[PDB]
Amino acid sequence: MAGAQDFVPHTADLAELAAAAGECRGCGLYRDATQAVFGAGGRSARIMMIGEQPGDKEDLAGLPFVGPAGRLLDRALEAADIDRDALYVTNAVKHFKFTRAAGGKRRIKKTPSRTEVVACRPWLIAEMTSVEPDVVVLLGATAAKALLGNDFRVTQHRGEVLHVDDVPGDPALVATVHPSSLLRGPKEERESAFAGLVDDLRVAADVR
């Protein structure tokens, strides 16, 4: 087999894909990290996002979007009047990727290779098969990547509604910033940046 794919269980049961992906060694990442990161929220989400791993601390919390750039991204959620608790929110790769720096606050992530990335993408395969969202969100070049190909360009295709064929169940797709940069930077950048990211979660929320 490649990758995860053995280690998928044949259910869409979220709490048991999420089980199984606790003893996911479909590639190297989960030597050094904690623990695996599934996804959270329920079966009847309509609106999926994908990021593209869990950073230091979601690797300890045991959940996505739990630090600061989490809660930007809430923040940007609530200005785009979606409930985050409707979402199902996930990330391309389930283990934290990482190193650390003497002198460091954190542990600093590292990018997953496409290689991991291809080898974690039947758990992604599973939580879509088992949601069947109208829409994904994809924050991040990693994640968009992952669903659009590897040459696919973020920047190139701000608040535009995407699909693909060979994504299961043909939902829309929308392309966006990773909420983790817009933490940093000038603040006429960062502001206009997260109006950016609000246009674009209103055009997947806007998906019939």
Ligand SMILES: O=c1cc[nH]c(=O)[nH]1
The other form holds:
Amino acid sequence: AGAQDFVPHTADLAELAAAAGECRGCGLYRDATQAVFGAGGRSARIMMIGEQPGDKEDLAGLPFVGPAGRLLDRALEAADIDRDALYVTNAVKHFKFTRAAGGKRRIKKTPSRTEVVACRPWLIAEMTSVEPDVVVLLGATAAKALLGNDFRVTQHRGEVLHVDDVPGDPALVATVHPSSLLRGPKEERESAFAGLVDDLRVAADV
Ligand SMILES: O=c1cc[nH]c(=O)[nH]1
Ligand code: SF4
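Could you present the same protein in the form deposited with ligand URA bound, rather than the form deposited without ligand URA shown above?
Full complex below, order starting with the chain above.
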């Protein structure tokens, strides 16, 4: 089922990342440039999970390198968290996208629950490998990947969650995806940014 047979029996992140380059666990590997595995080391206490690599990440081979990543770095710095000490990854490892005539970018398309479930074996391997004390779930797709398809990020802000089917029973904190804070009225973006910093500080205080 899904990516399971493509996941080797190793906690070495470099070996896992190389194996993910060969994954065919769903259809998304076909049009994407490459798999984008997580970045960071196994000593990380905090794991952060986004939805999927976007246009820039698909070509950089690294997560959170575009505008959403720059806002996330501003929030991490405000929360006094060193990005270099985190393990940062995504629920889905291949960019799902389309282009619009006249567009300046490839446009993300939402992964189906089917694709998230197919890719989840990689997240389980990452979590088993890193043994984080806390997992920050950035956005609906990531949070639902671990907390259920009905989970609503908007309803659980600031909350330390724990579920029974997650490796090592880490604390889970679900928050807004940084891409949500890039657009909207200034006051709304500023309030939302403060809330993201708050949630990052809850996770770091675990
Ligand atoms: O790595 C990335 C970049 C943008 N958005 C995500 O969810 N993940
Ligand atoms: S998105 Fe995940 S499950 Fe699908 S092919 Fe890529 S690595 Fe495999």
